[PDB]
Every structure is written in structure tokens, then in C-alpha cells.
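Knowing the structure of chain L, use the given hints to seat chain W on it.
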Amino acid sequence: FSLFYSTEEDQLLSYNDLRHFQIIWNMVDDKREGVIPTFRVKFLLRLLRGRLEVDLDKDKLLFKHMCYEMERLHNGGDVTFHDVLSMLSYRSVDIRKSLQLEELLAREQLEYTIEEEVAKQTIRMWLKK
Amino acid sequence: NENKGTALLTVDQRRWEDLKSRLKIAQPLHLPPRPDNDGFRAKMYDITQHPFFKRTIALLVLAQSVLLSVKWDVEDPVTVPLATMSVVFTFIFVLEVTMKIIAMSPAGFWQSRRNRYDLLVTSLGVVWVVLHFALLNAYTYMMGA
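In order, the protein sequence lines correspond to chains L and W.
According to PDB author numbering, the first sequence holds residues 1450 to 1578 in order.
According to PDB author numbering, the second sequence holds residues 1160 to 1304 in order.
So that you can see chain W by itself, here it is in the shape it has in the complex:
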């Protein structure tokens, strides 16, 4: 702490410096305005921005993560329900991502890094789904996990 020049400072000075550094990297939000008279997309925009919708998405992701309670094996007689549930969850996530894209922006959605990561995850999910529909091997189960 002394070597970085903060030991001689007070606690309040350190807090102020940390706040300054934090605000240096703060950036504006990436929400485009909601269009008027376009009820089909305005309603979707309202849906995607509802806090209950965000909590629902978080709960669904938590449930899908819980779906990996037991080890996935081809010899497992109960891996089929887990695979089906994961497929349903992936379908839900992909449809939600598409709804968010159409509501917010075809390119503005890409502005948020979180949205880019979600799009990548959903792409991996659909790839795994089609591979399961085609390959149906332990490697596919590992990819889904």
C-alpha cells in the first residue's frame, strides 16, 4: 500500500480516488428509444425491459444449470429427460434472444457485451441441439454440458 502511494492518504482520499477511477471507465447505457405506434415491437421492448422478465431469465438459467446435477453418460438410463429439458431451455433462450434482438435493434443489440455473450451461448446451444439430433454420442453430451 505504501509503495503505490496510498498509505499516507486518508480513507476518504482513497475513496475519492477510487470513485474517480471508477467513473473514468463508466460508459453510457445502450438502450435505443422505443418507437411509437409500432405496437408489435414496442410491446416486445416493454417485455424485454421488465424486471420480472429479467428475474424469469435468471431463474431459467439457474434451473438449466441445476439440470447438470448428475453426470451425463450414454449408458445412463435417465440422461434422456435431462437432454430433453436442456433442449427445451435452449429453445426458450434462443427465442428470448431473438425477441430481444427484434425489439431493441438488429445491430444495437450487439452493443452490449452481455448480449454478445448471450448470442454466442445460444449459437452454441442450437449447434449442440442439431448435433444431438444427428450424432447422439457422449461427445455431444459433453458439448451440451
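Looking at chain L on its own, in the form it has when it is part of the complex:
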């Protein structure tokens, strides 16, 4: 019952969010391949609505971080419909209060490295010109 029963929570991914994410994916994905390139992922992120709404001026940096995370997760390889889902689940909760010790450390290191890479690439782009 704990495993399966779901209710609208505050700091957790809910069933309504799951259904809305599936709807967005379906309106994004064409033939249910489950693998999409970076452009499809970023357009899906732009099209996310509801509780997972990402205002541009509010979380532009977060959106860029998520897009680069999707890029780096497979060295530019296409996601498997769960990498996006796993990323959304991770970014929609409190990592410190939820994950286990080793998993929390690994996730924090990975997110910090991704943020540093994004900042370095942004600086390189802004300084090359």
C-alpha cells in the first residue's frame, strides 16, 4: 500500500504530475520511440505546465542545467523516457532530506559538476565573442 498508493503531496512527485508529464511526452513524442534528441527534450521542458511549471526569468539557469544534464547523461545520446523522468523527480524534491547518504553524496557531486560545466561553457561562449 505504501509502494502503490499515491496522494497529492507537497515536496514529492504526484500521480497528477505523472499523468501531466505523460501527456506532455505524448504531445512531444511522435511514434512512441521513447528516445529523443536534445531539441525534443528542451521543447518538452519548455512545454511543461502545472505544478512543474518553470518560469523563464525565475529558473532560466535551472532549465539550462536540466538541458545540459540531459545532454551529458548519454554523451549527447537520446534519453529513454526515464532519464527525463528521473531528472524531473530529482529536481522536484528536497535531495538532502530524501536521498540516502551515499546516494545523496553522489547526486550532489554530479549536480555540482554539471553546474560547473554549464557555467564554464557559458563563460566560454560569452568570452569567445
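Watch out, some of these pointers could steer you wrong.
Unchecked claim - In silico DSS-like links for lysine-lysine, alpha-carbon gap of 30 angstroms or less:
{"no.": "1", "chain 1": "L", "residue 1": "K1507", "chain 2": "W", "residue 2": "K1213"}
{"no.": "2", "chain 1": "L", "residue 1": "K1491", "chain 2": "L", "residue 2": "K1507"}
{"no.": "3", "chain 1": "L", "residue 1": "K1480", "chain 2": "W", "residue 2": "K1213"}
Source of the hints: derived by calculation from the structure; they are not laboratory data.
Just chain W, lined up with the frame of chain L:
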């Protein structure tokens, strides 16, 4: 709880693990896109996806289930109205299933397990209907029940 390694964890950790396990089995929805300029099928697709239509189907199924309030017997002088009402409900369900199939997809409809179960139920219903039209026995009433 201790043997499965969750007693030492916090409640939030357990919730996160349960969410991860749940998302592991989540799968994309099975709705093909609605075609444009094909009003005959696009309108049907809109009809089948209307929440009021789903509530109507649920209410009809509930009424058909209620139709089994009394025991079905051949000696029963009032089983004929129940059989007729069940036949009408089965006809409605079969026509609705056919409408959903033609609107959604001849094969994509099969993607949903719920739709497969509904198709099986409607097939059993039409088989029972024709058997009632032919056999008309207590075994037929039991099959319909």
C-alpha cells in the same frame, strides 16, 4: 520492516524509494494523435475522450451490475425484463467499444490492457446474447450473470 532494510531509514527516505520504484514501472500513455480534416473520426475521438463520456460509461456499468439484484432463475417470472435490460446494456457497450476502436486505432486500441479486457467482456456479452437468442436455458442466465 527491519529485515527488508527500511526500519533504519527515515520516513522521507522510504517515500523517496517508493516513488523511485513507482516511476520505474511508469509507462507512456497510448493515445494516437487526432487526425485533422477527418471530421467523422475526429469527432468520435473527441467523444470517447470526454470525461462526461467516461462517467456515463461508468454509470452504465454500475447499472448493469445492479441489474443482478435478484437471483436469475428460469422459473422466475421477472427474469425476462432483467435479461432484456442486460441485452440492451451489452449492445450499448459493444457499440461504444466499436466507436472507440474506429476513433482511436484498429490496433492502437489494443495497446491498453483495459481496452483488451473491455473487448473480451464485450465478446463474451455478444456470445451470451446469441446463446440466449438460441438456447434460452438457466445455463445461459448463469453465463450472462
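Against the structure, the hints:
no.: 1; hint: L:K1507 to W:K1213; in the structure: violated (38 angstroms)
no.: 2; hint: L:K1491 to L:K1507; in the structure: holds (17 angstroms)
no.: 3; hint: L:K1480 to W:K1213; in the structure: holds (26 angstroms)
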